[PDB]
Amino acid sequence: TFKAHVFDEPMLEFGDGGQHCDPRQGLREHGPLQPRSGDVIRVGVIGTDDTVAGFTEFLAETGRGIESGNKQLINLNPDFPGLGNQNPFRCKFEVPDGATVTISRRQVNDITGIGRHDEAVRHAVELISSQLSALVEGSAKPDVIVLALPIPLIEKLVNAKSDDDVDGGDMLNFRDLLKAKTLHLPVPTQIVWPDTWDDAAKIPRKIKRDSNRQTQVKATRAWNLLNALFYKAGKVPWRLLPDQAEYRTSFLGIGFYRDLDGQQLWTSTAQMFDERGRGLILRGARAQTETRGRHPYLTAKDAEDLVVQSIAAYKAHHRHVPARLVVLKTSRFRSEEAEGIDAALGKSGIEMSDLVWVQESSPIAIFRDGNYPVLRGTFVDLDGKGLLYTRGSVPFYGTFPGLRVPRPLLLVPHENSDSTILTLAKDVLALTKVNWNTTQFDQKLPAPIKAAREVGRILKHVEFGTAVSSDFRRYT
Amino acid sequence: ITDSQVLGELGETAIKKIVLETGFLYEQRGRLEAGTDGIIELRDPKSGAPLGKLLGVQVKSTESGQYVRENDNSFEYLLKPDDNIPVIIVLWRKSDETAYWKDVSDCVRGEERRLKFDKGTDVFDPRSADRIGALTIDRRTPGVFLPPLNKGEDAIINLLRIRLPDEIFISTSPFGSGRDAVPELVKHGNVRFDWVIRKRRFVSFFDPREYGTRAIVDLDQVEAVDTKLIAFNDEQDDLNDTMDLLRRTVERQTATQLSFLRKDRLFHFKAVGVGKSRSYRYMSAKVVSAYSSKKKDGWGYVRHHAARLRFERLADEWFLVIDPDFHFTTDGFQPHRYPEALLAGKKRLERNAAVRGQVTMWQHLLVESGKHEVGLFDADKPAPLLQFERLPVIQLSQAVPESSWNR
Amino acid sequence: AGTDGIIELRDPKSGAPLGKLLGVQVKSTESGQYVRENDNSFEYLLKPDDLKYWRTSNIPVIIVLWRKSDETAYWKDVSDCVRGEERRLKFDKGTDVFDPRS
RNA sequence: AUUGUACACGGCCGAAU
DNA sequence: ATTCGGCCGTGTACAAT
Ligand SMILES: [Ca+2]
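Protein chains in written order, with the deposited numbering: chain F, 2 to 163, 169 to 482; chain E, 5 to 87, 95 to 295, 302 to 424; chain Y, 38 to 139.
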């Protein structure tokens with residue numbers, strides 16, 4: 002008595018109203034949704050003189066075009082066009098003179114010469130942040146800064162081997183600490199390992215010391231990296247195509263992250279809504295509340311103050327409260343949360359609201375007859391609980407990009423929800439195509455849920471009560 | 005049975021005959037779908053290897069006779085809105108059987124009108140060797156995908172419907188939990204673990220008086236009521252006992268074939284003998306075997322087919338989920354220390370066919386378990402307390418183009 | 038402006054200029070690859086502002102695509118377009134070659 | 001950390017005995 | 001102690017049959 006469904010691939014919007022189901026093809030034909038005023042994206046580079054020169058050649062190399070890494074599947078592994086009429090971003094990625102800061106060989110030896118791994122990461126962050134402050138206040142003002150870490154620095158910071171004895175195992179993450187400690191800088195930063203802009207480079211894995219890491223083909227790496235660079239430059243590449251007769255809706259994803267002590271649990275939230283006109287806003291905020299514990303769920307007061315904050319952010323762009331508010335959460339909605347959220351809606355006069363728990367650990371799954379799994383977008387209704395396959399066989403790609411069979415997303419709406427699960431699944435599936443961190447659209451999790459977790463990693467190192475930018479470009 | 009089944013459905017059957025002798029492939033697709041009804045691929049007559057070029061075909065049937073504006077030069081047929096990949100719109104006559112193809116990659120100004128198929132140059136003849144082949148498209152750099160336009164597929168689900176007995180025995184006890192009462196049970200005879208104790212209450216699908224559990228249960232307070240008052244109720248505790256009772260009943264059942272890991276929640280096949288291979292015989302509508310409890314050939318370690326059996330309540334009905342997994346042992350009984358490399362190695366290689374076969378195996382094992390042997394006391398005089406049955410296949414509306422993909 | 042040149046017809050026999058003008062816009066690429074380019078056809082996406090200018094024009098306008106790598110020239114009437122998208126043109130490498138044969 | 005999935009391992013939380 | 005539910009965190013393998 003389970004009713005099946007296969008949703009069509011949601012249409013994305015590019016360029017001057019162009020529509021396509023694939024971010025790569027849509028960008029290739031129509032270009033970015035928000036075109037830049039100017040044909041150059043000034044990219045600053047921080048790293049050793051080898052990596053700074055190495056990455057700069059890579060940026061020019063992408064301008065000349067990169068041959069596809071697998072011609073058998075030309076949709077899953079397409080070739081980067083270049084600077085022709087097929088330019089995905091209609092702009093030039095150049096490094097202007099004076100926009101490079103060189104990490105001297107002496108400075109690398111200071112970081113590598115420290116015994117304790119934690120001290121090395123902290124010392125490296127201060128060293129990099131000082132160089133980062135030099136770039137922003139200089140004459141050459143970049144739009145996005147690329148940190149091309151050298152191989153010896155990656156060995157010390159990531160693999161920690163150059169290792170000391172393990173003390174608890176909660177080793178600091180250099181990327182998250184660096185992103186948090188430079189949140190006050192006005193320009194977003196991007197970390198790029200040498201093996202992505204140079205196929206010759208090889209960094210061994212941390213534990214498996216005898217094996218290098220395996221990376222995607224060069225064309226795919228250029229696609230994902232430059233798309234992130236374009237987004238961090240201050241423009242939205244693509245947006246979901248809006249239905250003409252749709253309720254003005256705001257999506258709010260709620261997630262949790264362990265505190266640095268490893269025991270307490272904080273709440274990190276992300277909000278998605280399209281501004282008036284052709285645009286899409288992705289905010290990342292932490293609930294300004296003091297109720298500390300280990301519970302992976304919110305309290306009645308905590309949820310109410312959180313929803314009120316999200317509504318106010320929406321009202322700043324639209325000057326009117328949203329018609330619909332869809333709240334996606336990584337854990338089951340409890341009674342205190344639902345009544346807390348409903349209290350916030352009543353004060354703001356919100357008409358309809360959906361409370362959906364996006365569970366990934368559900369063991370329920372379906373299997374078609376063959377060697378490939380079910381189509382992406384397959385939906386099965388289980389007495390209200392929705393089984394959605396955001397990952398699976400993609401007809402556009404011609405294959406299924408995964409190792410084992412995909413694990414479907416189980417959507418469990420709370421009883422205090424308006425829309426049917428079929429309607430919610432169509433929105434959840436559509437939300438997976440606006441992550442902007444990758445050009446491959448068969449993403450498993452919806453963007454508000456995913457964006458909430460990405461914000462959480464950075465905010466573990468930001469002390470509570472410190473005001474930080476809500477722009478998602480500083481966390482992706 | 006549609007009114008057009010005689011005409012529309014069987015119309016495409018005769019169209020394939022023209023292409024069958026021509027030498028071009030015809031791949032079945034959706035009947036009334038947007039864009040294609042069949043696929044044409046050019047092929048080398050000498051070898052038959054694929055050339056990597058495709059083309060779609062759409063056919064719509066009509067009645068016998070002529071159409072609007074038909075003299076002895078041409079006719080005039082309209083294309084309805086609901087039909095990328097340019098596709099030939101092949102027609103079909105009934106009075107004298109003259110098919111009429113025409114392109115859609117062609118641009119005669121705006122195509123938004125009536126496609127007047129010429130009666131002199133739109134005849135679908137074996138001349139299509141180079142004529143139709145000129146339009147065929149390729150799966151190279153432009154990136155033409157194969158949209159799924161099919162009658163869908165039949166997918167199976169992990170759920171098995173559980174038919175609980177119409178009666179359940181509920182009784183009090185001077186014990187709080189089963190752990191507090193298991194030492195009381197073991198010292199007596201006729202030991203049976205298929206029961207649950209919580210809140211000083213005793214729940215079991217069998218009558219406690221008949222079997223050896225008389226010591227724990229208050230033998231004068233054994234009352235049998237319908238399961239709808241204990242299982243299908245909103246009480247959170249009652250759900251938890253039903254979760255406990257279902258597993259233990261499944262645990263005691265199938266004991267001739269499976270073993271339970273206490274630290275985990277994993278069911279796995281037990282090994283007959285010591286450190287030797289094994290096999291199982293399960294249904295598909303075909304007889305299939307598989308190494309359920311298999312010792313390796315390269316070394317002596319033993320891998321047992323495993324599954325995490327969990328119960329869910331959907332639509333006021335109880336279902337059992339099957340989650341395939343593996344359990345590795347040095348000799349079939351002692352758990353294999355450091356099994357991460359072996360466990361992760363096998364998981365990395367399985368695909369949809371492998372996991373589906375494992376699911377069907379566990380479905381067959383449980384559904385056959387509820388059945389009784391012909392002879393009395395062959396396995397147990399009372400019938401198995403749980404009856405499972407496969408759910409009807411899930412009817413997806415779209416099919417994976419597995420045939421079009423490699424292999 | 039919107040157009041890059043004006044073509045004026047002239048009778049090849051008598052040499053008399055017919056006086057009929059024809060607007061021309063030329064897009065030049067260097068070793069590029071048009072969107073979804075097979076060995077027999079490709080596509081092109083017109084800018085939305087170009088369409089608005091061409092509609093107001095009182096003379097016919099053709100769009101000519103020139104590639105320096107292979108010295109290939111293709112032409113198509115701007116009003117002519119794919120039935121689906123107003124901004125999309127489907128060029129054919131056989132019939133749209135820009136040359137004296139056309 | 002271009003990108004994510006699958007897997008493995010570990011920690012922890014909610015309800016009642 | 002159990003039985004049921006769940007969640008977040010760090011690594012390797014792989015680029016998809
Ligand atoms: Ca990123």
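Hints are supplied without guarantee of correctness; some may be wrong.
[Unchecked claim] Under the rule of at most 20 Å between Cα atoms (straight-line distance), these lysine to any residue pairs were calculated in the SDA-like manner:
#1 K130(Y) x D141(E)
#2 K432(F) x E421(F)
#3 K212(F) x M177(F)
#4 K4(F) x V283(E)
#5 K391(F) x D141(E)
#6 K353(F) x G390(F)
#7 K312(E) x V283(E)
#8 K4(F) x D141(E)
#9 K64(Y) x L84(F)
#10 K64(Y) x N86(F)
#11 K466(F) x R330(F)
#12 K57(E) x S51(Y)
[To be verified] Simulated DEER-style distance windows between Cβ atoms:
#13 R410(F) x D231(E): 29 to 35 Å
#14 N77(E) x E45(Y): 20 to 26 Å
#15 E74(E) x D117(Y): 26 to 32 Å
#16 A226(E) x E342(F): 55 to 61 Å
#17 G85(F) x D48(E): 32 to 38 Å
#18 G114(F) x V285(E): 38 to 44 Å
#19 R172(E) x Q269(F): 50 to 56 Å
Hints listed in this document are in silico derivations from the structure and should not be mistaken for laboratory results.
Note that CB positions come from ideal geometry on N, CA and C, so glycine has one too.
Is 38 to 44 Å respected by the C-beta to C-beta distance linking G114(F) and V285(E)? At roughly 57 Å between Cβ atoms, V285(E) and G114(F) fall outside 38 to 44 Å, so the hint is violated.
Under the criterion that the straight-line Cα-Cα distance not exceed 20 Å, is the pair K4(F), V283(E) satisfied? With a Cα-Cα distance of about 42 Å, the restraint between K4(F) and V283(E) is violated, given a limit of 20 Å.
Given the hint of 50 to 56 Å, check if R172(E) and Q269(F) actually sit that far apart at their C-beta atoms. Violated - the Cβ-Cβ distance for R172(E) and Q269(F), about 43 Å, lies outside 50 to 56 Å.
Would you mind confirming whether the straight-line C-alpha gap from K64(Y) to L84(F) stays at or under 20 Å? holds (14 Å)
Has the given pair, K130(Y) with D141(E), been kept, meaning a C-alpha gap of at most 20 Å? Holds - the C-alpha atoms of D141(E) and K130(Y) are around 17 Å apart, at most 20 Å.
Between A226(E) and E342(F), does the beta-carbon spacing fit 55 to 61 Å? With a Cβ separation near 44 Å, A226(E) and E342(F) fall outside 55 to 61 Å, so the hint is violated.
Against the 20 Å threshold, does the CA-CA distance of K353(F) and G390(F) hold or violate the hint? violated (29 Å)
Pair hint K432(F) and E421(F), alpha-carbon separation not exceeding 20 Å: holds (19 Å)
Are the Cα atoms of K312(E) and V283(E) separated by 20 Å or less? holds (12 Å)
For the pair we were handed, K4(F) and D141(E), check the Cα-Cα distance against 20 Å. It is violated: about 46 Å lies between the C-alpha atoms, which goes past 20 Å.
For the pair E74(E) and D117(Y), does the Cβ-Cβ distance stay inside 26 to 32 Å? holds (28 Å)
For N77(E) and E45(Y), compare the CB-CB distance with the range 20 to 26 Å and indicate the outcome. violated (38 Å)
Hint violations for this structure: numbers 4, 5, 6, 8, 11, 12, 13, 14, 16, 18, 19, all remaining hints satisfied.
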